[PDB]
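Chemist: Given next are the chains, with one letter for each unit.
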Amino acid sequence: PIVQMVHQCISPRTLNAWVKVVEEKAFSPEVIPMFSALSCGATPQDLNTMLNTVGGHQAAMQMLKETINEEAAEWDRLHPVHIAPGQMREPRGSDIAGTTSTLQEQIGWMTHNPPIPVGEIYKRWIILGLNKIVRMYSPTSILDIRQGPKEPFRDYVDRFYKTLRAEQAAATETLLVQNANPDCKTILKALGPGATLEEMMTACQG
Amino acid sequence: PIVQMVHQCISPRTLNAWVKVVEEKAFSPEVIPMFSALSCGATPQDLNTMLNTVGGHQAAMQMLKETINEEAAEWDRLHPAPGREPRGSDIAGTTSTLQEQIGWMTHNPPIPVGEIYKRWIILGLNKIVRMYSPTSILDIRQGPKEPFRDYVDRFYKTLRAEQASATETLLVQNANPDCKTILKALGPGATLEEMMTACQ
Amino acid sequence: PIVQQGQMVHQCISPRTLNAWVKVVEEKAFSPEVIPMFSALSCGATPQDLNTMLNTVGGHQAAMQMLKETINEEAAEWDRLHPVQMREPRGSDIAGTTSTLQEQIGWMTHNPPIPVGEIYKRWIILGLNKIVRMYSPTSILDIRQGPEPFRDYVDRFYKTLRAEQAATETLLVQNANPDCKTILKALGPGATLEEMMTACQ
Amino acid sequence: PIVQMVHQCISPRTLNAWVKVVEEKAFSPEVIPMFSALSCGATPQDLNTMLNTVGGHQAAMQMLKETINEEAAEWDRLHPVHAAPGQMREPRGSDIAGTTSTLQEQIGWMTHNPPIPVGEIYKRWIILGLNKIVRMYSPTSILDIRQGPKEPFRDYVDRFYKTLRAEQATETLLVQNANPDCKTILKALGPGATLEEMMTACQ
Amino acid sequence: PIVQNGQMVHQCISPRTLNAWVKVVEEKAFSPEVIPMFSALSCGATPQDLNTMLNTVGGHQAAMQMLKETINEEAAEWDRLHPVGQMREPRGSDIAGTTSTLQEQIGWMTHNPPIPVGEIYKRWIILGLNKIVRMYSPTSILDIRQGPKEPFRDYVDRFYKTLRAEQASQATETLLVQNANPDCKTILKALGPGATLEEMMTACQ
Amino acid sequence: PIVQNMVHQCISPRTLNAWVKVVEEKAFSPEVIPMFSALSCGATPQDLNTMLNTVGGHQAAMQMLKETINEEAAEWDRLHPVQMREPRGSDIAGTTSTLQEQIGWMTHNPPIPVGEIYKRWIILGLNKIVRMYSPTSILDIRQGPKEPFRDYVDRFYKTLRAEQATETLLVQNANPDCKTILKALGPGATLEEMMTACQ
Ligand SMILES: COc1ccc(N(C)C(=O)[C@H](Cc2ccccc2)NC(=O)CN2CCN(S(=O)(=O)c3ccc(N)cc3)CC2=O)cc1
Ligand SMILES: COc1ccc(N(C)C(=O)[C@H](Cc2ccccc2)NC(=O)CN2CCN(S(=O)(=O)c3ccc(N)cc3)CC2=O)cc1
Ligand SMILES: COc1ccc(N(C)C(=O)[C@H](Cc2ccccc2)NC(=O)CN2CCN(S(=O)(=O)c3ccc(N)cc3)CC2=O)cc1
Ligand SMILES: COc1ccc(N(C)C(=O)[C@H](Cc2ccccc2)NC(=O)CN2CCN(S(=O)(=O)c3ccc(N)cc3)CC2=O)cc1
Ligand SMILES: COc1ccc(N(C)C(=O)[C@H](Cc2ccccc2)NC(=O)CN2CCN(S(=O)(=O)c3ccc(N)cc3)CC2=O)cc1
Ligand SMILES: COc1ccc(N(C)C(=O)[C@H](Cc2ccccc2)NC(=O)CN2CCN(S(=O)(=O)c3ccc(N)cc3)CC2=O)cc1
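Chains as they are written, first to last, in the UniProt record's numbering: chain G, 133 to 136, 142 to 219, 223 to 309, 316 to 352; chain V, 133 to 136, 142 to 217, 224 to 226, 229 to 310, 317 to 351; chain P, 133 to 136, 139 to 218, 227 to 289, 291 to 309, 317 to 351; chain D, 133 to 136, 142 to 220, 224 to 309, 318 to 351; chain U, 133 to 137, 140 to 218, 226 to 311, 317 to 351; chain L, 133 to 137, 142 to 218, 227 to 309, 318 to 351.
Quick caveat, the hints were computed from the structure, so don't treat them as lab data.
Be aware that a few hints might be false.
[Claimed, not checked] Listed below are the simulated PhoX-like cross-link pairs for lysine-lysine, each with C-alpha atoms no more than 25 Å apart in a straight line:
(1) P:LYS157 <-> U:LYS157
(2) P:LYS331 <-> G:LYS157
(3) D:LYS157 <-> G:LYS157
(4) U:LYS157 <-> P:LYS331
(5) L:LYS157 <-> D:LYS272
Make the full structure from the sequences, and use the hints.
Modeler: Here it is, written out as structure tokens:
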């Protein structure tokens with residue numbers, strides 16, 4: 133990454154943390170924030186390093202390459218560029237993705253005045269592709285998350301919003323009630339409209 | 133976090154510590170202090186990062202969002224130049242940038258948007274702890290062969306979960328007879344150490 | 133904590151220290167050697183830090199209530215001896239319940255320093271010693287050598304003695327088994343411990 | 133390594154990380170990036186240290202030595218050396237490979253004005269040889285990766301691109325090797341289907 | 133401990151150092167190789183730090199009392215050999238950290254010229270630890286003999302491990323040959339005076 | 133050790153534990169020797185002795201190492217006989241020199257690298273020990289009838305590495329199905345070629 142504005146080597150802890158997150162959690166949605174936090178201050182070279190250290194899930198990694206190329210093409214459309225000697229150049233899509241730019245070029249853009257934040261732009265493209273992958277690898281739809289006959293209400297709400305988080309990559319208490327089991331459904335409808343989640347779960351912890 | 142005043146990337150150790158305390162302890166009450174310690178100096182962005190790295194307990198996290206919106210609404214209710230004042234959603238990091246948060250937290254006078262957001266978050270977490278307390282204090286009663294120490298442990302762990310923001320009278324009433332008589336005979340004003348020694 | 139431009143600043147408590155403390159409590163309960171570890175882990179701690187460390191303990195809530203009791207006793211005695227734009231800290235200020243972090247830093251870094259962190263740590267360790275003594279599973283009088292290596296018996300004797308006092319070798323000889331008791335009596339009164347264990351191995 | 142420019146001792150964490158990734162992953166392709174990251178800023182001495190701490194896989198390390206000598210010979214051809225009281229010398233292949241150069245000489249080149257990145261050049265040679273080894277230890281060819289009659293399309297694409305990565309140390321071959329249930333669907337999708345689209349089709 | 137940064143400052147002892155010491159005592163007890171680790175873990179230690187490390191040991195309380203005995207003996211001899226706003230002169234119990242404050246220890250350790258109370262206390266502690274190492278040696282060098290099928294190298298390992306424990310206090319080859327089994331003993335005897343250890347081990351391999 | 137921020145620094149718990157672990161887990165396999173050198177980066181002689189002394193086992197090896205050290209110290213005294229003084233063998237080995245003296249030598253201008261010299265002696269002795277504890281001779285590494293060529297080459301060069309503390321013996325000791333292929337390859341064949349052919 134880069135820090136203070143000086144480039145810093147990616148740490149063995151950060152590298153291992155990421156590889157382990159991917160090994161342990163695959164593309165569950167909570168992997169996306171960790172990546173963003175682990176890639177705090179990352180140059181594009183560092184981001185490519187992090188992606189490449191993942192050994193498995195190579196289908197997902199190919200899809201990710203596709204999404205990155207879609208964003209790079211849209212970048213070339215939105216901010217077309219032409223260089224003068226002794227002066228730096230403006231980055232195009234393949235430059236933000238680190239395939240045609242050097243480390244020094246990335247550092248120059250990221251620490252220039254005004255700064256051109258190629259690391260954040262690349263990270264946004266990467267998270268866009270990751271969100272697509274998380275949504276795709278979601279095992280079941282939100283319409284199919286229904287409370288079982290003896291399933292504790294808390295566990296059902298856990299499943300409901302975990303699925304919603306994967307599928308949103316809103317505040318559907320109506321589907322939540324509709325998909326609750328009959329006893330809980332009767333109680334929740336009698337609770338009234340505008341009931342918060344705490345109220346719904348307290349009403350149904352029996 | 134903002135440290136000594143420059144911004145620092147959230148550390149892998151902190152991230153892992155938080156994820157692990159949630160994985161290993163769920164919402165036992167001692168998880169809230171750890172969050173506060175792990176989020177020392179956190180910007181709102183950092184706090185959102187820590188919350189989002191939690192993979193389970195999404196019911197609790199929705200409840201937490203609800204509480205946060207209640208606190209943000211009260212902030213806007215009570216606290217309504225080219226080159229701005231923070232609203233509720235700004236302190237919660239949903240409508241503010243990192244740079245804006247740094248500006249508020251690092252200023253004279255400082256505007257502690259990180260501490261304000263953390264306070265709202267801890268209010269909601271305490272609520273969640275209260276919800277996940279399996280038994281009320283009225284049901285914490287000493288067993289017939291249960292050591293007094295173990296009963297007091299359970300009693301105050303439950304009391305702590307139910308009071309997430317003379318406790319030795321209910322304690323005596325709920326103690327088993329063999330120990331209740333001794334405690335009653337100790338008299339008024341006995342400390343906990345004295346009560347526990349008497350029933351050792 | 134408060135750590136030393140070469141001057142003292144406030145630092146966030148580290149995940150390693152927090153985890154070390156939580157782990158030591160999980161693994162060792164209130165064995166006496168938990169108190170040294172705490173003192174080292176709370177090196178330079180503000181009262182806020184000390185309360186943070188205590189609050190991360192999840193179990194043993196009886197002991198922690200007992201600890202609060204001891205803290206209130208020490209805070210009352212502080213108020214008795216030191217009655218009272228920076229202000230002098232009272233008992234509840236040293237215990238971190240009515241003082242802010244900035245107030246604690248100000249007291250701790252004044253010239254001359256008012257060591258509210260060390261004083262609070264002293265109260266906390268006083269209460270912890272009470273808990274260690276109370277939770278000692280055996281009295282020293284019941285530690286007697288079996289028909291058991293002298294070294295193991297002395298280990299038990301002084302581990303129990305350490306818990307119970309939170317110290318005489320006469321009891322050590324009295325409670326030893328006769329095989330070693332004859333040797334110890336013949337050794338001469340005034341024998342060191344090395345001489346006793348070296349003698350009857 | 134050289135760090136923001143000073144010399145730093147190689148860290149125990151980096152040494153252990155490298156030894157562990159080699160023990161756990163052998164020469165799977167994702168070992169080469171890790172090496173590059175663990176050797177960020179490494180001098181040639183540091184690179185040799187990391188390589189030498191590997192205890193097994195001595196066939197691969199001898200092959201790597203062969204590749205290093207091949208690159209050193211090409212360096213000497215295209216960047217000849219001529220034979224400076226107090227002044228500094230031009231690096232040959234074996235100096236960049238750390239076999240005839242001292243630590244201070246490596247520091248001098250890497251920290252010169254203009255800098256001569258002998259560490260990056262040596263690292264490039266090392267990664268060329270490692271890629272050759274990864275290719276050698278690849279267990280299957282891309283021609284032999286075919287979808288099973290009950291294999292989820294996602295798992296087959298995983299195997300396909302993992303093998304492709306080891307070999308290149318595509319959608320047409322991907323469809324051709326798919327099972328008929330999936331092949332018919334993919335063919336009906338029409339040309340130009342993206343991977344996301346294809347995988348959704350055969351989900 | 134005390135460590136340079140441009141001025142010698144006190145730094146809090148780290149959780150890593152504390153854990154390393156407690157774990158090595160738990161895992162290795164008082165085998166001779168624990169004493170170097172302590173010295174390394176107590177690099178730059180003040181007497182307070184050394185006492186902290188010692189006090190974190192939960193077991194082996196017999197050994198810790200024995201250690202206390204040695205420390206008091208050294209402190210009394212210190213008071214003999216160096217009879218005792227400005228800095229006071231340190232006595233035995235000051236170097237042992239029982240009657241001196243942390244600030245006093247820093248003053249002595251950082252005075253010009255320095256009075257190294259931390260190194261002196263560490264020396265007393267290692268002397269006592271060496272006594273404990275000798276006591277907890279399970280067997281004497283006279284009782285280490287190779288069995289009829291024990292590889293010579295393993296036997297020499299046992300022999301010198303015992304020698305290291307027993308000689309932890311302030317000619318190795320002859321007993322080594324004498325206690326070897328006849329099979330290797332004959333070879334070594336035929337080798338000649340002045341055989342190196344490598345030569346002996348090769349001869350019996 | 134002695135590093136630049142040029143002061144003495146306390147040895148870190150990571151280095152101590154790393155060394156003890158690599159010795160416990162790998163004994164004197166050759167790849168321990170680089171690890172030691174890397175773990176002792178910037179070490180004073182005192183530090184090197186610390187690392188050696190923390191090893192609890194292998195006391196035969198440690199005496200053998202001591203033997204090699206005394207031979208090197210004697211050769212130093214013969215080559216380089218003797227305010228600031230010149231270091232002798234026992235000074236470089238840390239038995240008669242203080243820490244402050246070692247720092248003076250290591251940080252003088254010009255530097256007297258007592259740490260590098262002592263490390264050289266220690267690694268020389270370690271190489272002898274590594275060679276001795278190699279279980280089999282290179283002449284005895286022969287390809288099995290059903291043994292994959294890659295595994296045989298792995299063993300061959302691991303043994304060669306333990307014995308050096318290339319083409320003809322490798323082919324000669326291969327099994328005949330692979331030996332015939334290798335012989336037909338001709339001279340000058342690289343290892344990569346030999347291994348792809350026999351896969
Ligand atoms: C004022 O409140 C706020 C405060 C901060 C944030 N900020 C900026 C975040 O970054 C939050 C951090 C956060 C995380 C947990 C609890 C509280 C807060 N991040 C998410 O909340 C991610 N997240 C979003 C997808 N899903 S969902 O199931 O699709 C979903 C379900 C219901 C609804 N109504 C919408 C989405 C849930 C989830 O945990 C957001 C809101
Ligand atoms: C003077 O003594 C003090 C010193 C410091 C504090 N400070 C600031 C804290 O931060 C304390 C830390 C603490 C922890 C253990 C021992 C001592 C101290 N911690 C809480 O104050 C929160 N806390 C308070 C009770 N609860 S309870 O069981 O609900 C409960 C039980 C009985 C009653 N009557 C009411 C509530 C558990 C808990 O986590 C507080 C008191
Ligand atoms: C001898 O010179 C000195 C030097 C330093 C100290 N200082 C300041 C300490 O901090 C010592 C450090 C220490 C620790 C272990 C071994 C040696 C030394 N440690 C304690 O003082 C705590 N401590 C006290 C309770 N018990 S005990 O079993 O009840 C016990 C039973 C009988 C007797 N006579 C004493 C104690 C043992 C213990 O480890 C003290 C004395
Ligand atoms: C899309 O935007 C970019 C951004 C950055 C990169 N950069 C510079 C890399 O470095 C990529 C990082 C990377 C990783 C995942 C997603 C996106 C990016 N990292 C590699 O390792 C490339 N890479 C991946 C294996 N393959 S392949 O499987 O043989 C292979 C597969 C398909 C085809 N058509 C050909 C070969 C070899 C290879 O060169 C590349 C693309
Ligand atoms: C020039 O050579 C030297 C170089 C350096 C040292 N220095 C200062 C040390 O620190 C050495 C370090 C060391 C450790 C292991 C291998 C090599 C080196 N370590 C000890 O000197 C302590 N040490 C001493 C003997 N014992 S022994 O087995 O009792 C023993 C065995 C045989 C005989 N004849 C006597 C005693 C084991 C031990 O750990 C010493 C001598
Ligand atoms: C090729 O260009 C170079 C580049 C760098 C180096 N430098 C300075 C080293 O430090 C090398 C680093 C190194 C290590 C592995 C692969 C590549 C590189 N390290 C060793 O050379 C140690 N080493 C020692 C001999 N043995 S061997 O198996 O006994 C053996 C080897 C060769 C023959 N002909 C016979 C036996 C294995 C080994 O890895 C040397 C050469």
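Chemist: Tell me the numbers of any earlier hints that the structure contravenes, in ascending order.
Modeler: 2, 4, 5
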